[PDB]
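Student: Guided by the hints, dock chains B, C, D and E onto chain A, whose structure is given.
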Amino acid sequence: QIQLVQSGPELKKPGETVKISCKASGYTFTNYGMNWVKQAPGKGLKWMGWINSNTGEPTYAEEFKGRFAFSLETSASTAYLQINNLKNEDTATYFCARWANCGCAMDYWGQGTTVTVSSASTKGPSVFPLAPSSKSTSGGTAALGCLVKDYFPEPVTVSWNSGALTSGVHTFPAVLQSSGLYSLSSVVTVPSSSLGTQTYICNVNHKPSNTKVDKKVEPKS
Amino acid sequence: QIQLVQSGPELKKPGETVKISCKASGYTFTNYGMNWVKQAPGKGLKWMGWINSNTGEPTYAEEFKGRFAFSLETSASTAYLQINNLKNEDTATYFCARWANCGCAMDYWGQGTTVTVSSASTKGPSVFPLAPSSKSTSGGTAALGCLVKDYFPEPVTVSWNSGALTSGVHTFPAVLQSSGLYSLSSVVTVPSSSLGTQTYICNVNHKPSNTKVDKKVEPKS
Amino acid sequence: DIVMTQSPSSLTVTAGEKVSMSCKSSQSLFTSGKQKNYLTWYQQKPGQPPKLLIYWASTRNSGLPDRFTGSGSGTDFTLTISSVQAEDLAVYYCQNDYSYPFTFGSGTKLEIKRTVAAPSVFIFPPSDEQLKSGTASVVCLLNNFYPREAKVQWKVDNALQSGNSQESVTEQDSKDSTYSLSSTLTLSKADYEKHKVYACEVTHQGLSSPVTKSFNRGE
Amino acid sequence: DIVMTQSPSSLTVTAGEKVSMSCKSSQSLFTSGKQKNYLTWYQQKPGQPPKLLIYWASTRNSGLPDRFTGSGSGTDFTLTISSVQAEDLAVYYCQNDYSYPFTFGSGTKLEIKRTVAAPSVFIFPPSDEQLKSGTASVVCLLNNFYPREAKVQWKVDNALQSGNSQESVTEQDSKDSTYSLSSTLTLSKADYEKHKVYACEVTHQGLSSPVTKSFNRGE
Amino acid sequence: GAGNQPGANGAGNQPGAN
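Residue numbers (our numbering), protein chains in the order written: chain A, 1 to 221; chain B, 1 to 221; chain C, 1 to 219; chain D, 1 to 219; chain E, 1 to 18.
Bear in mind the hints are in silico, worked out from the structure with no lab data behind them. Any given hint could turn out to be false.
To be verified - To be clear about the criterion: a stretch of chain A counts as covered by chain C if any three or more of its residues have a C-beta under 8 Å from a C-beta of chain C, and this derived list gives those stretches: (1) 19-28; (2) 56-62; (3) 90-102; (4) 131-137; (5) 177-191.
We put the CB at the ideal spot given by N, CA and C, even for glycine.
Only chain A is shown next, with the shape it has when bound in the complex:
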């Protein structure tokens, strides 16, 4: 189309090496250069640098000379970011963004690759269903949900009925509990009369632990 599709999230121990891909499609690849932008968790945007898609030669900002490497595979329309000797500073979300036709803005952006640097290793999430409301509510809005407890690291992807049920869903921010692990909850409001005879599946995906869990949330009072 014009899509910058970027690689999956990574958990890596410190001092290791990570390499993020950004596959481009839908434009003459060698006529628009590629930017890399770091975003720390909860913080703003930071311009890491840009690589010339015509000559191959990278240009790094001053905070990224030496440990960071930009590269290209022109024969597959793909840009690469390689971070060597990982530190805890490097735990962030990394974006690729192509320079626009003017050369004055960043036109299209990748979705972002989240890289977590931690001495700890991966814990899979535990999925428990939040049982639809025993207590009869005043109106016919009946809330149900799904609970994703005791995982590390970020992120998890939850959806409802494989992406069919979308409105009324609040996926909550993961709050960090005292064990060191994360926990999260995803609630959806549905009509009360649709509970029973219409199944509700909660779809949790934890990509650093290879944990794909589908969970039927069936009512119980």
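Tutor: Then chains B, C, D and E, alone, in the frame of chain A:
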């Protein structure tokens, strides 16, 4: 003013790293790119490459990809040339030169940084007065001087009366003696009647040995 | 190199009000050759990459509605929304596109204020699959309230907890500008079976008197 | 990529003569759009960085006197000095400015020929600070002579040396087009004290018979 | 389409033809 002022000379053992600065002043720094030109001792000019002061992008010639680095500090109007893994081929004088307003010539030039690559280490110079004796020819012709013996590496900076006495001075090319070290001599012709009651100081500077020597050349007869 | 000082930090507006936000650069971004400023405004809606809004300090992007307008020249620049909608809440970043390094600004956060909404409260018993483990956690849910500030007290056997509680508050909603909250009370299975009241009490701006939803363990 | 074959290597002219030098490129340097040649002539006076003389193959730089003129188009180019002065002795380099790499030429060296000048001869006793060390060296100086070729023989107790001697000859002068020479005789302190004549004999074109300057050790 | 040169297209930052 419009001045490109370049860093001091360097002696480095082989396989080490040298980094030369080129501070620009008197013009909008980010609108004129910076060239680097290598000149081997006694040889011609060779174009190394140029860095774009606006986009950050370096461009190296084919003989200089891989060991050589161009970089910028825009907040101090300075371009840097870093040579990693020094060889004896790299012993030269290096110039920075900004691209002209047309983009078709090199407008202004730095003074040149001399880099000597040698396994030997630095020897300070010995400064001996060449005596303004009674060898004076017809009327007021009287030769006096200063002798700069047993040093390594090039260069030395000699001047007379802290830069006041300028005409009549021949500073000679340094000839290499069989011990491996250099020797040089700087003569100035003055009137004979001015010898006595007007002092002559010879000012020698050897920058890799931190040797600043002032020497009164006083007449002996 | 160029400092993109953006202002204010956050700004809170009613939906329909006029919004201006400033971006000031430490050098001029006007070229005198193309006769245009190299400044760009981006929008980062939460959980998304930045979306391009305005290039050349004034030219809006292909598709963008006309309420986003960029003005200013040289040093002082201004992004203006003439009528904020409920989906315009995001963080707005200006970027130097004049010279290396192509630095960003600190960003201005846009938050919507609306009328009071009282929360709808749901309490959830812990799942039996969790009860097969050693731990058992009960959640309470506040759905679609304004403002963000709310008070949740757990009462086990009419005795109010102080530990075990974690609140999580969602981002502000793209349709109705409200918030949602989940308070989770984490117990052992043994201390969960010793008691049977399990209430959740909610104090909020929209509630005239506080609201308790409860389940006693069992049916 | 482009090879800049420059010719001749050196050329020696009387002050006031007309001088032409050629620069030929292995590809064309004409752009056909902007309608001008991308070729540059630089001057490197000895001990200095290169000075820009001519860009766009014919356009002289801001400050340059009119005797330097650049001609040629496409492949063959020519720098011409219409009246060489004594300060014009330098090495002249042409540069490809058409396409990467922006290669240089080998350069043409410009040397002045003038009338005969006989050298003035000066001899210097070794300094007492040097005599506190183990070495003692005596220098002889030929000042402001033409041509370059000169013969210095040292005579210690009327016995002529073969080792110990080092000549250094200066660059040609920008004011009067002459040369200077220093011959240095380096001895040990003991071999310096064994003898007492210390003469310097000079043969040159300007001298009808050769010239000896001497100092006897002590007096 | 000069997407591979961002920033101000100076003449002294773009040599040759062009």
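Student: Compare the structure with each hint and give your call.
Tutor: Structure-based check of each hint:
1. 19-28: As far as the region 19-28 of chain A goes, the hint is violated, because 0 residues have Cβ atoms under 8 Å from chain C.
2. 56-62: holds (count 3)
3. 90-102: holds (count 4)
4. 131-137: It holds: at least three residues are needed, and the region 131-137 of chain A offers 5 whose Cβ sits within less than 8 Å of chain C.
5. 177-191: holds (count 6)
When each numbered hint is compared with the structure, a violation occurs for hint 1 only.
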